[PDB]
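Only one chain comes next, encoded as structure tokens, the form deposited without the partner chain.
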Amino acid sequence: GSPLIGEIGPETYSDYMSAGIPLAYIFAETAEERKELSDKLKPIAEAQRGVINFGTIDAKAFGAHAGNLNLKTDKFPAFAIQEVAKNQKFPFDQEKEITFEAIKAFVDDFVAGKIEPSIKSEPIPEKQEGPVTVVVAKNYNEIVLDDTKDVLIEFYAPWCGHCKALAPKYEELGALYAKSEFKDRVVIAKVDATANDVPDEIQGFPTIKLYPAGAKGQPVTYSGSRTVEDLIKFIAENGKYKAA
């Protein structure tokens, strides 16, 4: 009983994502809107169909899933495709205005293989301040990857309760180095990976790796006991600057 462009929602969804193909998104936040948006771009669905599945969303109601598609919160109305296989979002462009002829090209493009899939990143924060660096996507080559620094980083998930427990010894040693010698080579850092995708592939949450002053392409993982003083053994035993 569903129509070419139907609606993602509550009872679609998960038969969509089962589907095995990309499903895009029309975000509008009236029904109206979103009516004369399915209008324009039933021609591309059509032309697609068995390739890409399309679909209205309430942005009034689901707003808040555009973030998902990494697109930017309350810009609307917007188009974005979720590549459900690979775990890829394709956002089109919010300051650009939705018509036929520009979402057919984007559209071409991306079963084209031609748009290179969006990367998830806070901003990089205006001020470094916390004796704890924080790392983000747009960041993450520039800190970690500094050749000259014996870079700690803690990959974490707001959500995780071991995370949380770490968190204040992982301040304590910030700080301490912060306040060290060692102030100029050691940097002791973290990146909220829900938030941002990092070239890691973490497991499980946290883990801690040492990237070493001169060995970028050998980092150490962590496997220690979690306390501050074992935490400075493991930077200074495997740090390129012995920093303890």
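Between two forms, the rigid core is the largest collection of C-alphas that superpose within 1.5 Å. Residue numbers count along the first chain shown, from 1. First, how it differs from the form deposited with the partner chain bound.
- With the core held fixed between the two forms, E126 has its Cα displaced by at least 2 Å.
- With the core held fixed between the two forms, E172 has its Cα displaced by under 2 Å.
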Contents of the next structure:
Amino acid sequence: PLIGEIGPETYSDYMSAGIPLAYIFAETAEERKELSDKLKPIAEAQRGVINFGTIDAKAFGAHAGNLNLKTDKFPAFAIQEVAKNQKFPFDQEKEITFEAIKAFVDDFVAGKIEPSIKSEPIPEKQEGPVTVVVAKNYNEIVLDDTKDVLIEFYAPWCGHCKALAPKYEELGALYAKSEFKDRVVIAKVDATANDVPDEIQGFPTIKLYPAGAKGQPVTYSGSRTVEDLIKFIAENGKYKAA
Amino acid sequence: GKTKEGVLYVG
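Form deposited without the partner chain done, so how does the form deposited with the partner chain bound look?
Following is the full complex, with the preceding chain placed first.
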């Protein structure tokens, strides 16, 4: 059929087809059938341009994360550009109608949709001395030209990251009670759960984005002690802060 | 393939 079933057996063939895959996520076979029937004419119009399939959002709801979709909100629709490793999620707050999916797919084909940037949600509160960065607040926080921003790119599974974390919190606390508390940010970002503009080759990576020098961040290479990190901030930031 | 969490993968 034109709209097949995306699952562990058919995934490799969709990934080998060399064209995007549009996913129709729904939690029941009836809804999958309803949406497949509804959207068939769009799949037909796109034959050989974009493959369409349904995907069992009960069994494979987690797969929605691969498309920068929320893993808990169905039904859902997204296009994966397999060539380019780009993901184009349709807004899970909108109803999946013929007209809206047609307009979405038409916009995708027209080049009108920017690839989605993977991000955790904006943290609901920013209290505790270390600031949590996600892709959606990276520009506002890290590239804030009025603050020296120390940013740790880490993975939750990373042993050195785990070892660093208590020292990193001690560092945040020192700055938070310093006379530089409104111009130094001690921040971290889970680089496994957020796309960042930085090229990160290993974890942890620590960079200082100085006030007034955001295009020239300084990569830290010291001993990862609190004292060494204070020195690093003091030496490389605009505010010579400690 | 699928992971235990239900993520699909190739190969």
